[PDB]
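Next comes just one chain, in structure tokens: the form deposited without the named molecule.
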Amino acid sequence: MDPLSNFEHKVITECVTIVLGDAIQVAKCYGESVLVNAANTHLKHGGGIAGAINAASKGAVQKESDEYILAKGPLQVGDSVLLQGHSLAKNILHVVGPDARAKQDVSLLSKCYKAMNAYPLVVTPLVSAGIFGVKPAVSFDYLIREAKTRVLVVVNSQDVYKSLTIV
């Protein structure tokens, strides 16, 4: 009854566990989980995990996001918005991390990860660690500092995973 028994993972803190692999697969194991999307300010889900999440939803996520943006406007960096889960999770929390390419303020990851503490179980990538160019270890440091809820942080790369788990 413990989905983690079928995943390569390491318990990091009493709140945080890091899991190797596919965040969408992990989230599907937990009906009550909130899945974080690593989003941009306009919720344009064109690549990375956002693209994977929209693909998994057969476009439903992008349709919802399009409506959201016209109704409420774009997000600011560091903001997040809770939207529908689309059968991937209970809800999807679209979180906008800082983009180091744009020289945005990396300490806005504190805001990002604090937003996840609203939910009792969160499945998340490391925010800002792909195309946004924040080193995985820095994003992980912020998560571990800020977490106050059950978080499964999921990393697709075995090499990132090893870098974070081997001490």
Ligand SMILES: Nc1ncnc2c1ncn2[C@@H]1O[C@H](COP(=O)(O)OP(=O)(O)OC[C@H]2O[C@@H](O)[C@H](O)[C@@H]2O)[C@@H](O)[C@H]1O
The other form holds:
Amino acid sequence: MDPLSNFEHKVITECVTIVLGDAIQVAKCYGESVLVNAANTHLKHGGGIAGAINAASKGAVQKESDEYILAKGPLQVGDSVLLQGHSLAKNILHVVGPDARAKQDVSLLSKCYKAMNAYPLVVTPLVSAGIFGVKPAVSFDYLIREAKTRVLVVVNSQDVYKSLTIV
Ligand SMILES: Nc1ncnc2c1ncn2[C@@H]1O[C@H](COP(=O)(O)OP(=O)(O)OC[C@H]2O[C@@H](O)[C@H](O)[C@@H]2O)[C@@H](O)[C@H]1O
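Compare with the form deposited without the named molecule: the form deposited with the named molecule bound:
Full complex below, order starting with the chain above.
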């Protein structure tokens, strides 16, 4: 009855556990979880996890996101918005990490990860660690520092996983 017994994982803190795998697969195991999307300011879900989440939703995520942006305008870097879960999770928290390519302030990861504490169980990638160019260890450091809730941080690369878990 513990989904983590079926996954390669390491307990990091009493709050945070890191899992090697696919964040969408992990979130599907926890019906009351919130799944984080590593988004951009306009919720245009291209290429990384965001595109996978949109594909998993058969486009419904993008349609919702389109509507949201036209109603409310774009997010600022470091902001987040809770949107529907689309049967992937209870809800999807779209979080806008800093894009190092744009020279944005990496410390805005503090705000990103703080936004997760509103929810009792969160499944998240390492925000800003892919297309956005922030080192996985930097992103993980922020998460570890900020977490005050149950967080499953999920990494799809064994190489990233081992870089973060072997001490
Ligand atoms: N399904 C997944 N499960 C877990 N980890 C994942 C998954 N897919 C990607 N990753 C990893 O999650 C981290 C976050 O990577 P990105 O998705 O590229 O996120 P980010 O760097 O915040 O870039 C966001 C930007 O990319 C676009 O998808 C998004 O529209 C935005 O423009 C990276 O280490 C990436 O390899």
